[PDB]
Each structure stands twice: as structure tokens, then as C-alpha cells.
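In C-alpha cells, one chain follows: the form deposited in one PDB entry.
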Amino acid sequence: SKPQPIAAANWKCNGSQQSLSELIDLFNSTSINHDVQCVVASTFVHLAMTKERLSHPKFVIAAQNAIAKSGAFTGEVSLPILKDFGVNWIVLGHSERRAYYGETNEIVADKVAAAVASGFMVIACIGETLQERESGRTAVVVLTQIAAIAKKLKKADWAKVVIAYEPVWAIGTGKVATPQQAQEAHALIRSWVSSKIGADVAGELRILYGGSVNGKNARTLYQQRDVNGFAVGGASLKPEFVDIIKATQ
């Protein structure tokens, strides 16, 4: 049987205090009847209002990035600062940070290891671009990324690690990957974890899919065997995110 599903909401760099408050009101009054870990990743600025406002028992607050240690790094937020603030979940290694802000496979890995060592629950983001897919390099690309992450981690650290496979071609483009495209990618990841890390770990590991998911395609995507939830971006700002949660059985 699949492990506990996860419906992660990546608001990215969006939202006002009022528009996010109205979105938080919907989540609080949302009745969820199955076991699923819902995750709301807001900006650093909106973390305080989200902590006080969102009170749903199946929801947790997360950050979208962090650096390992505190110090003379103007503009950045560290893991001890987030931990002092009461934030225990975090999204790390998003393709936008991998592309825009120079986060390599090794920088992402060292951030994951530091967060797990700080007690964080980490959603590590991997995935291939469109040029890597049409060149037939989705396999080497995706696994190269997770291999760097696993290298900096021990076996017991995977209980704090969640993998979110997001193909860059599907992120914010409206071109969702078909259930076969998602299942073939998640199965390729899970078998690597079973071979290198362990079979018990690969069974415990949660592989989420992200990329233009909405209320209409979520149910059919989750029916695949190796899909343990969703990382939602554009639809996480809209009332249909409730439907994405319910689509996790």
C-alpha cells in the first residue's frame, strides 16, 4: 500500500495579506475525511500570518528556501531562523531556484542534509527540462539530481525526505504530464531508491508530482501506483486546491 499522501501548496512569490487570508479561510473550513498531509509553502513574509491564521489539523506551514547557517548573508533566511520561528517543513531545490539562482545538484543536496539535520521535513524537488526529454535524457537528468541528494544523506534521514518530481516543461505551462508519463518517471525514481538506499526506504518514500496539476487531472494522476501526492503551484492560489487534496483518495 502507498504511504501517507501529501498535498503541497507552493504559493511561490505571490499573495497579499488579504488574498491569502481569504485562501486560508477556505482551508480551515475544508473538511478532509482521509489521511493526507497538507503543506502550505508561502513566502518568508507571509509565514507569520499563516502560522496564526491556518489552524486546520491536517495542515502544516513550510518555507520555500533557506540557507544552512546564519551569518553575514544579507537577504537570505537560515534554517535556525526558520526553526526558531516554528517552521518545520521546507521546500528545497525547486527548478526555479535551480535555474534562476544557481542552485546546482550539490548545493540542493547540502541544503537538504542541513535541513534534515536541523529536524526539518524536506520536500526535495527534482525533474528534467523539455530539451532533456526530447533528447531522451530524462532518466540520466532526474537520477543525477537525486543521486547528489542521497549522497549527502544517511539512511535514517530519508524519513524526513520527500521527493517531488516536477518536469520543467509542465511547470506553469499548462502542459500536464500524462498519467503514463508521471508513472514511468516516479517508478524510475523509486527503483533507484530501492537499489541504492533500500527497499524499506523506497516503500516509505513519498514521490509527488508537480506541473500544471488542477482539480480535473489530479484524481487520474494519483491513481497511478507511484504517485504519493502533488506539489501545486498556480492552482494552490485558487479554491480548486481543495479538490486536489480530495483527489488523494
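Residue numbers count along the first chain shown, from 1. For clarity, a rigid core is taken as the largest C-alpha set superposing within 1.5 Å between two forms. Shifts are known only where both forms have a C-alpha. First, how it differs from the form deposited in another entry.
- Put simply, after the core is superposed between the two forms, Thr173 is the one residue in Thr173, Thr178, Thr104, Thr144 with a Cα shift of at least 2 angstroms.
- Superposition on the rigid core leaves 169 to 176 as the sole run of at least three consecutive shared residues whose Cα positions differ by 2 Å or more between the two forms.
Switching forms now, from the form deposited in one PDB entry to the form deposited in another entry, please provide the structure.
Next up is only this chain, free of partner chains and other molecules.
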């Protein structure tokens, strides 16, 4: 059966002190009685307050990015700084950083490896664009992305790895990905991990859906065989994130 599900809130580059404190207390108010790891990835600026306001025992705090080492990298935040700050979860390789901020497969893979080596739980993001999917390259791109990461890890490292599949191809179109399309990509990923890493690793690996999800379709997405939770974008800044948490049963 499925391993422990994860409900991750990627706030992206958003938030004010007052609005986040209120959303934080909403999360604090939620009764969560099943086994699920909830994650809040705030901006670097808001990590201190999120550490301070978020008291729900099923929640942990994550960063949205880092570089591997401290030093002369003005504007960036390193893994040791986050570790010293009590942050033990991190999102790496998000489609927005791959598109805007120069993160090639190799750059993502080296960050993921460094984060695992530093003791982090890592939500490593993969996924293909619309031009890639329409040209028949979904499997090429997605398995290239994860192999680039895998080649920098050891088998035991995967206990600290979570995969988030982003259907980047669905943005801008008039139709979100279907649950069947989501399950298709998740099943492809898990099949690859079983074959190249190990069936034991594949059975314990969490593969999170990273497309648009709301309280109405989250339950159906989680009902899919190879879906272990969500890495949520805009809905994670809203009260309906609670309904997404509840959709992980």
C-alpha cells in the first residue's frame, strides 16, 4: 500500500506578515487525525515567523530553494544557513527555477545531492513542458530529469527524497491535467524507480502531484494508485488547503 502521504504548501513568492499569520493560525486550527506530513514552504523572509506561529504537530517548515555552500554568493541562501536555522525540509528544482533561474538538470541534481548529504528531506521537482509533451517527449524529459538526480545519489539516500511531478504542460491551456494523466505520469516515475533504484525504494517513495488542485478534485487525485499527496501552488495560500490535507484520507 501507499507510504505516508505529504501535503506541501508552496507559497512561492507571496505573503504579508498579517495575512500569513492568519493563514498560519487557520492551519493551526485544523484537526488532522490521520498520518500525513504537512509542509509549509514560505519565502526565506517568512521562515522565522512561520517557525514561530506554526505549532500544529503535523506540520514542518521548508525552504523553496538554496545553494549548496555558504560564501560569496550575494542574495542567495545556503543549506548550512537553513540547517542552522532549524529548517530540515526543502523544495528543489521547481519548474519556475528551471525556466527562469538557470537550473538545468545537473544544477538541480547537485542541489538535491547536497541537501540529502546535509540531512534535509527534499521535495525534488520534475515535469515536462507543453512543447515537450506535444512533441511526444514526456517520458524522455521526465526520466532524463530523474536520472540526472539519481546518478548523484546512493540507494539509501532515497529515504530522504520525495518526488513532485509538475504537469507544466497544463498551464495556459484551457484544461487542467486529468487524474488519469496524473496517474499515468506517476506510474511512469514509480516504474522507473523500481527498475533503476529498487522495488523497495519505489514502494516507500512519495510521488506528489504538483499541478493545480483544489478542494473539489483533490480527493479524486489522491484516489489514484501512485499519488502520495500534493505540492500545492496557489491553493496553498487559501483556506482550501485544509481540504487538500483532508483529501489524503
